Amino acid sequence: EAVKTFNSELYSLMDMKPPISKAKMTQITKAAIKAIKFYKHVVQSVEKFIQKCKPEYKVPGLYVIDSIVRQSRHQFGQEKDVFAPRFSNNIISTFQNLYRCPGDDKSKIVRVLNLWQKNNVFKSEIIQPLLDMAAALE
């Protein structure tokens, strides 16, 4: 039920016109966090969404990752957060999918990466190749 609830909330984005409502992003994040026991399933669902969705939903998909990781780090502690480490496994592939967004959305992705870097959400060994991937598209 926890994962089913999260999946329903996440996939409801495809019925919406971005930018996505703060309240909707909060509901998605809250569902993810309540389902922390099943964090692996939550990560897998978000990655699947990003792989399969229309280009208009790539930035929203990244905002889901960002919102989950930020809330988890706040709520459980940066060292105890299980979400950023799990997202890190497939992150290179995830961003390859994300960069299939419309051209003027690339900057929105880089902004998120810039903020992750400033706040040490991932180490440079993760952040730098993601940044390099943005630079290579141009």
Second form
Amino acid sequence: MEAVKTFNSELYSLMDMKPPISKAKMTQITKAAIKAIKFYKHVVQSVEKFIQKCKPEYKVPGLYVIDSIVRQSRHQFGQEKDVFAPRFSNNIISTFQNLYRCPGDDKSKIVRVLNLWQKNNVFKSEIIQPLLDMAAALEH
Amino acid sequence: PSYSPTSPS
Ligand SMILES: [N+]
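For comparison with the form deposited without the partner chain, kindly provide the form deposited with the partner chain bound.
Now the full complex is given, and it begins with the chain already shown.
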């Protein structure tokens, strides 16, 4: 899976940079993911694996990868044709459990993304709400 | 410029 090998390289190249990650790098990763759309399942697994394994400082970068991929795919293939949001939604509870192990000052950045996802209907509201509830429950 | 989740695709 050459296209996946190229995606894996871009995603892991996040390790070669101190956050915040540039738009230029996020674009590169996103472009690689889209070119690898035949193996969208392996792309999703690689992103989820990255989020499970990375240092606290790369949690929000990991979430930005999901955001950037999903929005680019919706734009490029059509909102109802996008394969990425539905696939990312399968393990999304586990993904956010992992994301919420970010530094304290990064929690608001996760909520910001969740609110935008709701506002712009990137994910179904039924999916997003428990993710928000988890954020608030952590603050108590 | 750093990535913003508000920025267009
Ligand atoms: N897609």
